[PDB]
Amino acid sequence: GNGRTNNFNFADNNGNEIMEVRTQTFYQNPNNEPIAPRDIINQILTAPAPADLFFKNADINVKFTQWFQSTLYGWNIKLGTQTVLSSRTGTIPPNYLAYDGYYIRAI
Amino acid sequence: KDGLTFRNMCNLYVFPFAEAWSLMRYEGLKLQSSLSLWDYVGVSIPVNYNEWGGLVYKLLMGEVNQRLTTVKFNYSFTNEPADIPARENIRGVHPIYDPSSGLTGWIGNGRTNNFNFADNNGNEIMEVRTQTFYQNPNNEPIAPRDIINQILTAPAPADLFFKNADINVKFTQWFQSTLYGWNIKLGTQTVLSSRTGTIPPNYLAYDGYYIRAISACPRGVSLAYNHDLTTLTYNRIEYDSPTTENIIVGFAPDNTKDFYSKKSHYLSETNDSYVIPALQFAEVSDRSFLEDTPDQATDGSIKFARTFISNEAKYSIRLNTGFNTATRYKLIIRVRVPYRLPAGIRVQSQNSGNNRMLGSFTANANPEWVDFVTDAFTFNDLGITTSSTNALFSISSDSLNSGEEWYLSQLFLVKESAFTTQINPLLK
Amino acid sequence: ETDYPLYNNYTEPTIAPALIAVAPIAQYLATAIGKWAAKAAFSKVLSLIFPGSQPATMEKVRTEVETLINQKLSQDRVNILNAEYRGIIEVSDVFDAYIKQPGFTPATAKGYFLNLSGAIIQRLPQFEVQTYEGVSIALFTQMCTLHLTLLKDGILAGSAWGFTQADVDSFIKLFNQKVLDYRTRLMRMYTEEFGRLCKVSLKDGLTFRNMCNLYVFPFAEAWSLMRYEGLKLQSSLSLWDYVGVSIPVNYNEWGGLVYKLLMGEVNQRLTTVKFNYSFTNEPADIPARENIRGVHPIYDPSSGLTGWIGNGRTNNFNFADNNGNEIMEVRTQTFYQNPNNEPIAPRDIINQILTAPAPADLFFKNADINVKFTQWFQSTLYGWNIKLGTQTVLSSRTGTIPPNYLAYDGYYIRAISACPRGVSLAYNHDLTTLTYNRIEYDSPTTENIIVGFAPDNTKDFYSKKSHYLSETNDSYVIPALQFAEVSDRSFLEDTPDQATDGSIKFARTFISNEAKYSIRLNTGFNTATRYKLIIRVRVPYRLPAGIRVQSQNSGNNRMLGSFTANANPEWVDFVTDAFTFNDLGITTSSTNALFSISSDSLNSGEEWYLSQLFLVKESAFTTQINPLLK
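Chains as they are written, first to last, in the working numbering: chain A, 1 to 107; chain W, 1001 to 1428; chain S, 2001 to 2630.
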């Protein structure tokens, strides 16, 4: 798909490669008091193979939502016993990907 | 900064005596100075003398008859390069006096991002923080980089005014490039502690003075524009510049503390002489400019150059309890009239429609300063008592022509008994 | 869709404002306000409203109103209204026929007069059904005009029509009651329909207000001048053309922000207008599109009050107004390269600031602004065409767009503004004043242009900045908004019933509240003639200092009047004592003469309203119906 995380062209340079970019925005309303900081995160999740070379199962799922004729998404990613991504948009039901007598070879 | 230092010296050692010279021919007037002392903290910026009297001083004063109610700073911090140490920038200053007027604007830059989402969706933007993370295979420590752009806000204290400040700036060199660090504290409110390390304090205080204005100077931009537009009212008092990197604090003597608190000149029976500076007015006409006349021992004078309707300036007067209204008084007006005015100058007393004419003076061409003395009057003839809250003294003149102007400096109110001219000015 | 030319958003040209069906009624109303003909004005009003005892003119009025406001009436409602018309016509014919007989019996005339008044009162409410109010508010108006006229004449011809003194007093009381009740009900209908249509869309509310400015409000103002004799009946309302998309506007938002943005500097001439234009066709599938991002009307070049109505930004480099010269246009051209194909389609992205200064004759007389819509996968694309006068400001790059002629015979373009789109309009209400505070509102786009046309009777003020007086004329009317200078914390209040573009609301709690007007005298003006001033004010809260009218002339300040201000929610007229221009020290060479209406400072939450000034000779002025006898 797309491995880019920003528009500064500073992806893989200066020795260490970029991993995560988090922008937090704060507002101020005179008539109100609660402050809702807005988060914008763009990161690269990494998952190496287990000690036994192969993953045996996975728990990957996606949740849909509608909002004024526009579909919003939420993701849940887990390979083996390593939780790769828990959904920030609320709990998502698990989707067990497994076949007795099979192992994960490609993703 | 050096010019401000020299002017601060002259305000204490030179100009008060120059003003005292102009009052030796009379007897009974009050010798009072209202000049301000200006502290400058930041980098060096060259300023022409045409640019000082046409823009810089107007930006330093702002609303010349209003109390400072809020001050906002545009703060920027960044350490994205791993080799360059952390740095801080002051991008703009916004002093807010009258909350319902909207005259003073940003002196530097009020922008925080390039999304154009500054003041929208009800709540205005306040802070933007970007945190960047890296990953090195050969190393293990991770140094997250921070980029912060925020708007610091400081309202006036409970006692309306700040008495002192602790603002300082620290310089650093790095491959022929200067990095900065800032420390800002107004009164007891810590506005900004430096993230680039500890910075020694710089106490800004003068015994007998209080903080009246906080402004800045534009850096990196031409200061030769909007001279004829920067007036005392109507037009927006602002100037766009990417950064300022400087903060200027004005201290005013305590003899002006009552005006910026009560918005009116209160009169006591015990005192004999009263001096009213021109800039301490209730309202002023359009197309009026602030002229730097430091020799008058005041923060300036009013230059009228409006070629329509009229040129008028009003001052609010209030009487304390125990004031005798049967005592005779006189008014002295200090004006400079380079061009002849066929209608002359007029001093009028307005009180809830009880408008009385105090004086009409023939205005002839004269490049020097002139004093006009009115006839004797009593406060019973003006219909003013201890309960009057809309009494006004109005100095007015007709409309001018193109290229013409006339200057008003100060007003002197003194009892008839204690006033006497000793040296005649007409015998030249 | 339609590619035919348009005429002020209508498919066929509209009737001139002086050629509408209610024009002779208004002309004779003004003539009678100038000098009322006793026991004869009602017959003329009846002949003008019902010519030949026929309701054909009222049907023409109904058809014209239905054409303007895009609202038609059912046939049953038409039959009911015509039946009411004939019912009134019968009694009116009886009365008018019995009057003209030389030597009639006055008691019989009294009986017929009472019958006619009662019949009009009885049949009035048929035009007050709110479900059709937007169409009937015009018709209703004329009917009230037929009644308030009647009573008026009845008060003048007392014993001639068999009226005792108690009869005349009762008629005066009924007149003083009805002249308020009718105005209240008419304003109810107007405000209801206007708020509803504005909650629908701003364009429809503007259309309804344009209709009411020609068919409703002038007569409502004429009602408030029938008790006097010698004043001038003059309307200064503006006609507003709206071109663009639909934007809902609340009634709290109209009177607190939108109208203030439409007027701008209410006493200044338009000198320049700037538009923020955006064009782009970067996607190869989506056709070209154009956007109006903001409008900036500049009146007084040395003031700096009016700001951008939409968005004046052109890029995200923050390099807008810097390095001496300001940015004007940014054009990005992108090129591609396909191996399987050969044609190359360069993509253009333009963001510029179009500038249009006022013509040599200070004002634009007409405009040709139009917008074209397009659909594409449930997304609306726009194209714009802008032309002010003879200067082509913007020709559409997205294809030809049919012209939309914006013109009114007897009107000229005075203001050009816009409405913010996509943002809340509930902020900066208490800050948007007539002066000092910046008249602006930030919004990413507007996608709308609003042009205001003002009648030619105001063309002299916006050119000479002063009110010139002639010896030949008898009465002069000065609107409040045509001032020389105004105090702080003053607001623009929409009072369309005054036949003016608004009134001044004073709410300053310090110093004073003052408004000055500049007066100049033409050669041949008699300074020995006696005059009087009439001030129209609304004072909801008591003012212990009262209102004061003063004459200031180069320091020769004289007091013309001091009036006690008591709490009154209705409109009040204050008349000064007689004076001559020699007592004011004003001649044909005076260029700094000023009339000042002033009051002391107010308290929190208080305000008072000033509407208009009337200057009339003492000989030609006389109050006929007493207002205090309520």
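Treat the hints with care, since some could be wrong.
Unchecked claim - To spell it out: a stretch of chain W is covered by chain S in this simulated footprint if at least three of its residues, at any positions, have a beta carbon under 8 Å from a beta carbon of chain S; those stretches are:
no., segment
1, 1101–1109
2, 1199–1205
3, 1232–1239
4, 1342–1348
5, 1399–1407
To be verified - Straight-line Cα separation of at most 20 Å, EDC-like style, residue types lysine to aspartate or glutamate; simulated pairs:
no., chain 1, residue 1, chain 2, residue 2
6, W, 1314, S, 2514
7, S, 2516, W, 1291
8, W, 1314, W, 1295
9, S, 2464, W, 1398
10, W, 1314, W, 1368
11, W, 1262, S, 2485
12, S, 2516, W, 1371
13, W, 1263, S, 2600
14, S, 2465, W, 1283
15, S, 2516, W, 1312
16, W, 1314, S, 2573
17, W, 1314, S, 2329
Source of the hints: derived by calculation from the structure; they are not laboratory data. Just so it is clear, CB atoms sit at the ideal spot from N, CA and C, and this is done for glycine as well.
ask   = Honestly, which of those hints from before does the structure not fit?
value = As far as the earlier hints go, 2, 5, 7, 8, 10, 11, 12, 14, 16, 17 are violated by this structure, in ascending order.
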